[PDB]
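Listed here are the chains, written in short residue letters.
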Amino acid sequence: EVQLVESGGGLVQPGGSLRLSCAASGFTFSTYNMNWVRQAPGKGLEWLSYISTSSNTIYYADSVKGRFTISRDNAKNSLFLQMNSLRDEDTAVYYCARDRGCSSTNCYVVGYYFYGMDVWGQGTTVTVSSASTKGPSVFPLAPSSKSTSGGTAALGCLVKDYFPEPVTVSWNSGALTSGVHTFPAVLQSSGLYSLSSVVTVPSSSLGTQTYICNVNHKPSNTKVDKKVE
Amino acid sequence: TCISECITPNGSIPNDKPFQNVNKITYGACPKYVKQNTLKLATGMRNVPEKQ
Amino acid sequence: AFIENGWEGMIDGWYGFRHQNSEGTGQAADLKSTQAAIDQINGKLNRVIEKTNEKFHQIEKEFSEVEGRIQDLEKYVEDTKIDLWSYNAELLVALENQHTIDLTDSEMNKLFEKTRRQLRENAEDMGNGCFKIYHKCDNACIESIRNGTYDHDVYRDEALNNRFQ
Amino acid sequence: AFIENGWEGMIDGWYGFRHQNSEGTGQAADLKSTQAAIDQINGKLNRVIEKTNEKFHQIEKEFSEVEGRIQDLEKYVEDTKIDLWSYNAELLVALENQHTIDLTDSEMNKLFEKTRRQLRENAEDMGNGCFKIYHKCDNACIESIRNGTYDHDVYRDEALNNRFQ
Amino acid sequence: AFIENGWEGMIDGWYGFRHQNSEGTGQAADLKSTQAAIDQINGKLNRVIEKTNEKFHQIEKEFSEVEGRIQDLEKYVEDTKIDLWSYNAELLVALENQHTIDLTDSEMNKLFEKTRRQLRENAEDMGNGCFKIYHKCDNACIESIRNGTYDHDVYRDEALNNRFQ
Amino acid sequence: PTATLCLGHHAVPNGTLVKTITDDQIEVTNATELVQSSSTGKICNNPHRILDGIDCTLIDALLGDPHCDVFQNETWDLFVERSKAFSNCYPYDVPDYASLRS
Amino acid sequence: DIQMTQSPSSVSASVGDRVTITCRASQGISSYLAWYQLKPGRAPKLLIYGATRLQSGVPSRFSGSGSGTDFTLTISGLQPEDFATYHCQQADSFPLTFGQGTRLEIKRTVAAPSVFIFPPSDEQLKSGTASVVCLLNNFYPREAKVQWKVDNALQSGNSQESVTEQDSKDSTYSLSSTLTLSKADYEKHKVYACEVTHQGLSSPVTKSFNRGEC
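Chains as they are written, first to last, in our numbering: chain S, 1195 to 1423; chain B, 2 to 53; chain C, 323 to 487; chain Y, 323 to 487; chain P, 323 to 487; chain G, 67 to 168; chain L, 726 to 939.
For the record, the hints were derived by calculation from the structure and aren't laboratory data.
We treat Cβ as the ideally placed atom computed from N, Cα and C, and that holds for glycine.
Watch out, some of these pointers could steer you wrong.
Some but not every residue of chain C turned toward chain G, in silico, with C-beta under 8 Å [said to hold, decoys possible]:
no., residue
1, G328
2, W329
3, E330
4, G335
5, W336
6, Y337
7, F339
8, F378
9, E382
10, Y398
11, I423
12, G451
13, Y456
14, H457
Build the full structure now, drawing on both the sequences and the hints.
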């Protein structure tokens, strides 16, 4: 079937250079138009560039200003998205999409981008940051009795100053899953991510049930377990 | 007791239309039975609706 | 669709004009181009929806007892002429709707030609289906082009002093 | 065919323009008139070549043993519906090719009307499908008429001093 | 029908011109637009009236002895394909007569475009299918626009002094 | 001097989609449906002489079934055979049933 | 640059209700407007192309029309498995400016949020930093005001927060406000508090704790 597979992602410093890829399969790549639409964290979609099958009609956005280069090859059926002069604002997830072409059901004669893009790929995460890989720092939180009539008490763990995102955080190696809320990571002043995870538990099981907040990081192989009491 | 120039088994229809989808078995001055149920014949221009 | 928008307030005809001068505004349906279009529209209807029926003795088309080859012949016979009448319904009515848009475009082109053959040195187009009259045009001047009794040599010396100047 | 010749070097669209000024020459495909034509072309394809098949049980059309009247009846209907589908193939596809030349002529006429509604007092035709611009027109002026954002009142005082003089 | 009336005295072609100057009057058939129209007219004839016959063995269509179901099947078979050929006769010939009026209107529009692409600053329309030439046009000038060899830059300085003045 | 003369058409806010050659669905100002998708539900007896075969079919009136004694020398234009019709006499068999009934 | 102004910012409706999503512009995109269904962690899908026709593969529960500048996305077949953020894309003309997006949420009963707080533990104060956590659970909708005050004085510009996604079973939300402090700033101040302002609360419920009660 029609499926677009992206590649060329990873971790880079502000000021480097990369070359993304858009592997196509299931259709003729030399007859449909391609583009480059990203998705910024906290913002909406943003179109960047557009190319045609004849490789003569190339358009760019206002934020590009010639800093990016988009190419293609009919012999390999892929794109060549060159990324130059990057900054911290360009840290987003990039996607490649195929134009529809016509206003009918199946477009036997491919036109232009005037009728949306019905084909989208999975995408790859491209992180542009000068910070290196750093293990997480687990800080426990001492619970206390707050609700008098209800008799509940909240507790959690603070995962701060880690790189990169994300970190799979659970309780008792996946045994405690009811009431567990996972918070998204936010940017700090140093550029490192930070999130938290709590679990609604009653106050009767504070001094009896052992709550071990397990923190596991994949690319750094850091496993720090701190008992929450 | 009514007046109709076309008879159909699922209820009589008037003969002021060229096609029909009621039943294939007809009698008299009846429209032709087609499988297409929706035939919107335009009697005017296309709908262009104002800006403001 | 180069007409940007029509007129929803004009419900007394398919076509017309919208005048605007010092004596006020308003809409008036053209009695010439509207009646010339219905003769082409209603002429397409009565040769299709009227006097096109066949009164004859048909055969049995639905059967409950399956006999064999005698019913298998008339089943392929009946399903062909149903699909042939359905293919002709997708051939006629889809082309009649296609020609009607071309007919209303041609009736607009004849209305643009009737207005264009009287406003050569007197007016120019604007781009949204309206004409920019370069002279004084009262309500009698609007009805002169509507009824086709407009004169070109009368308003020639007045509009040419403001068209290219 | 009054266009004398097309453009073989323009392979990025069905229509377009060929600019020529002091900043050089080149060809650029129109994104407005080309996409508006494929919607009319591909709309003619998907209602004919797609979802127009019939899935049903047919009968035997070729026989080796000659039986008599039972085979002579089904042979006459089968030879008719093949010839009726062949006559409809000579009625549809020959008219679809006839309308497509009229469609490309109408899309050229709409492109001549979109260019003609912006170049009344600014340019004139030449006779081979080209317009003679009587004022300075850079690459931004070419893209203004291509995208439909050209202004008539801006270049009015410049081209009128060289059109009739 | 905006041509008010044709020419009954011109029996040497379907189209032509009627000149009027100081050297007398007369009618002359255009050799270009008439021959280009018969190629579209006669092309519609030979694909319909010629090589459209079928030579094959048919069945008995009229019976004197009423047998029953075997005759009732072929009676509904024969009456359908006669009515299907009659409906296709009312679909083809009525549209061929409709397209022929549109063909003669398009051949007149191409003749108005061929005359319009040579008489922009040299002449103007009158409203009855005639052009008002604002310069001296002898019999050689009439044959220049008839054969398509008319020059616009030659008679530009003569007709512009009397068009807007 | 100076005026405005526009050339337009009528616009209806409540239109319907039609079937054409260039597009699939396009809304117009006014359109009629050429297919009768509704019926009165009852058979009219004018101008055609409609006969009501309540207790007998066409073959039952031709053979002499006792439930159709009121159809003696009766002419008609269209015979309506009901689905609840049955025979209450000597049973018969009609080879080529569509031959004799037509 | 033409900005695709949408209205409103978020629509809260239950299963079976009608959703009205508008997206205006400044030019004619009556045949050049594309609607998408953007999901968090999933690929976008073209919902309505040209602002008049339905994309193949999408069921007939969605609808929409509109030309000139006024457009209306009418969903009369809203399912609980179709709650996502929709966007409108301008195709006429370049550059392809996207809209802000309308987040479609499930209409739920407004409940009173439970105010929580967390004093800093001994494992964090010895590392050279400090942070005060203010937790809010079981609140609807997400428009909740939370302010910080230190020693009867409000502070700003040094606080962060995280908002969880909508639950599939309870349909609740969680919010954890994190204040940025240091080792020297923790010993300077004594009283810390967290203000909680909610629409369902008839009185502002707040919590306070001393620096010596860790």
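Of all the hints given earlier, name the ones this structure violates by number, lowest first. Failing hints, ascending: 8 and 10.
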